[PDB]
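What follows is one chain in structure tokens, specifically the form deposited in one PDB entry.
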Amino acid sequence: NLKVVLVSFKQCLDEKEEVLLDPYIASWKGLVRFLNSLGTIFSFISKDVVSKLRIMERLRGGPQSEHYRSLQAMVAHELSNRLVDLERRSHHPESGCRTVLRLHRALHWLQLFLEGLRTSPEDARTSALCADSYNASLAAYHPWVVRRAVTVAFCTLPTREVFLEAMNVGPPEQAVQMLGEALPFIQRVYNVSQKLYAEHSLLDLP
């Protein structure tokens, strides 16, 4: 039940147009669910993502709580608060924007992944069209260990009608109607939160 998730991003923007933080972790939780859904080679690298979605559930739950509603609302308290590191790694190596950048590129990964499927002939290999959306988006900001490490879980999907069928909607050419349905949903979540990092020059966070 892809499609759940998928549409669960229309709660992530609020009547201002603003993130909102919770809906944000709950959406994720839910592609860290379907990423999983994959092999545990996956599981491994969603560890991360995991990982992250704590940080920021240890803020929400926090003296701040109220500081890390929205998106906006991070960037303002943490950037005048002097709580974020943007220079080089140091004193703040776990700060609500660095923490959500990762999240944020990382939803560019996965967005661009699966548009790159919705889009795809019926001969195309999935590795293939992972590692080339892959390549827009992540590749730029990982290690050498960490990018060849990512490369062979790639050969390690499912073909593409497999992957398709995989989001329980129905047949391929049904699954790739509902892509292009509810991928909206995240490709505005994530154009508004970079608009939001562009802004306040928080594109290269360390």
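Residue numbers count along the first chain shown, from 1. Whichever C-alpha set is largest while still superposing within 1.5 Å between the two forms counts as the rigid core. Compared with the form deposited in another entry:
- Once you line up the core between these two forms, the CA of 150 is the only one from 53, 150, 179, 59 that shifts by 2 Å or more.
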Contents of the next structure:
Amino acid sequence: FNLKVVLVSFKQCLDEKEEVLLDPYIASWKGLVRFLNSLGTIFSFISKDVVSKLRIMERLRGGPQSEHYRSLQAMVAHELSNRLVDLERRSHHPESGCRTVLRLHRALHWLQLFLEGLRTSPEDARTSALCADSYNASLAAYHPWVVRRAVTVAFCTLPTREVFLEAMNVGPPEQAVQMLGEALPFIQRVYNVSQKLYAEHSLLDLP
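The form deposited in another entry is what I need now, so please give it after the form deposited in one PDB entry.
Chain alone follows, minus partners and molecules.
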């Protein structure tokens, strides 16, 4: 089990017609949780939010309407038609299938930015400031200043640029960086598809 294993499991999230299958997506996320946890990081507390959300999508896929949660496209279609999404404010659907995936989608965005910033960096780069750039380019818009100003402090508990690279269990840093340019574009496709879908239906601002 390593980071390459995870990043190429996303290959399975996109069917032959470019739909995003739920079951692999969840499975791929159970791995990302697993990898987050393997780091001796303060940021393992957010893995309870992920697992929480992953269990949301697991009950929907397991419920009486399993078939509509086969894919994100199916899910969006079903939930928008049946009016099961709080488009305006949270009211009766605070745990919509749509908005839940939206949070993991945004999280998926910070990941590829950081992994890229990890890949295309000087070998003496501050990982705290790598993260801050990635964070401010993704999640920061959706977080209150209190969360913003504090999560920055916690970016300092982060290991070094090397320390991240061997943590992936692929070998020396220079061979982590090589696999990073090869295992990445699987998650980038899933993101891009999911991004397009959520944007076709004006769903990038679900509360």
